[PDB]
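Novice: Okay, here's what each chain looks like letter by letter:
Number of protein chains: 2
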Amino acid sequence: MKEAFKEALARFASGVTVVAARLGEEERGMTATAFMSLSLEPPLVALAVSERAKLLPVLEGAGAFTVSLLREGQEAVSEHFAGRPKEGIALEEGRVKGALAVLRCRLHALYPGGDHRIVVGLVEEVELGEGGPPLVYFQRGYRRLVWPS
Amino acid sequence: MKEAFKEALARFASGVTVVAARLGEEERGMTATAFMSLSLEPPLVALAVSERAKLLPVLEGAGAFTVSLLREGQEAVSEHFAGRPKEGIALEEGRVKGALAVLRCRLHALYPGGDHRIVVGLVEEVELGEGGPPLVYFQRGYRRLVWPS
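Residue numbers (PDB author numbering), protein chains in the order written: chain A, 1 to 149; chain B, 1 to 149.
The following block holds chain A by itself, in its conformation from the complex:
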């Protein structure tokens, strides 16, 4: 169903993130390409989280979450938090270690989004990893940017 719509979306390239939240010792991570900057003042970002995602209840309960921007070569991390378990993949400090960047957010708002919820985060902390090319998703596959030396 909705073949044309899906094809159009497959034509929007984007980085890949892992959104995570924790309540006590209960921690959940979820791969998401539906991420975008939203505001500078205040510093906000928005994401789309499935209404059926295990992450949602924990994120709402915690009132805070992190967003890790994956770098080139982190396909395993993306796959793991996408529901397809991989060996040796785990969150550290509530985020993905070695990511291009991590945004630690306070939950700012939740708005209706069809079969997804629009999650708005107020950025309170930023962690920057080493520079380099990103993990990209486009046309149903992981892609690399032209980034020569």
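What the hints contain is simulated information worked out from the structure, not anything from laboratory work.
Incorrect hints may have been included.
Copies of one chain are not kept apart here, so a pair can be met inside one copy or by any two copies together.
As the list claims (entries may be wrong) - Heads up, simulated EDC-like pairs for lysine to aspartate or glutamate below, C-alpha to C-alpha not over 16 Å straight-line:
id, residue 1, residue 2
1, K6, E41
2, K6, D115
3, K6, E127
4, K54, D115
5, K54, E27
6, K97, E75
7, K2, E124
8, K54, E26
On the provided structure of chain A, position chain B as indicated by the hints.
Specialist: Relative to chain A, chain B alone:
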């Protein structure tokens, strides 16, 4: 201010779109990287439009808008609708001709977004251009994908 936050966002790669709307005798196009798929059922997309964008009142009044996903080689189009005019660039049929895809949306909902407005569109029509690589923005510059792969 917000140097680390801006750097983190510069590390999230994305395609580039031109959002447009028409009302009465006015029609405006605006370049935006803040776009993401939102829902399958109903078919929704979300975008962040500056609260001071000239496009906003037109889009609100029209109750409908288009989103064109730019392909590789359309940097001039992105620049033009970003506020840096380029010779001969203009919308055709309310969207960008030659784009990878065009989504004609009904304005579904709007939500506060700090210095931006969260705009949700319900996709009513999809126009698919001929297949090919996309225009990408990452690390404060236009990029290309290593394609095919």
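Novice: Hint by hint, note whether the structure agrees.
Specialist: Against the structure, the hints:
no., hint, in the structure
1, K6 x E41, "between (33 Å within a copy, 12 Å between copies)"
2, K6 x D115, "within (15 Å within a copy, 30 Å between copies)"
3, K6 x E127, "between (33 Å within a copy, 12 Å between copies)"
4, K54 x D115, "within (14 Å within a copy, 31 Å between copies)"
5, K54 x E27, "within (10 Å within a copy, 42 Å between copies)"
6, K97 x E75, "within (14 Å within a copy, 34 Å between copies)"
7, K2 x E124, "between (38 Å within a copy, 11 Å between copies)"
8, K54 x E26, "within (10 Å within a copy, 45 Å between copies)"
When the structure is compared with the earlier hints, no violation turns up for any of them.
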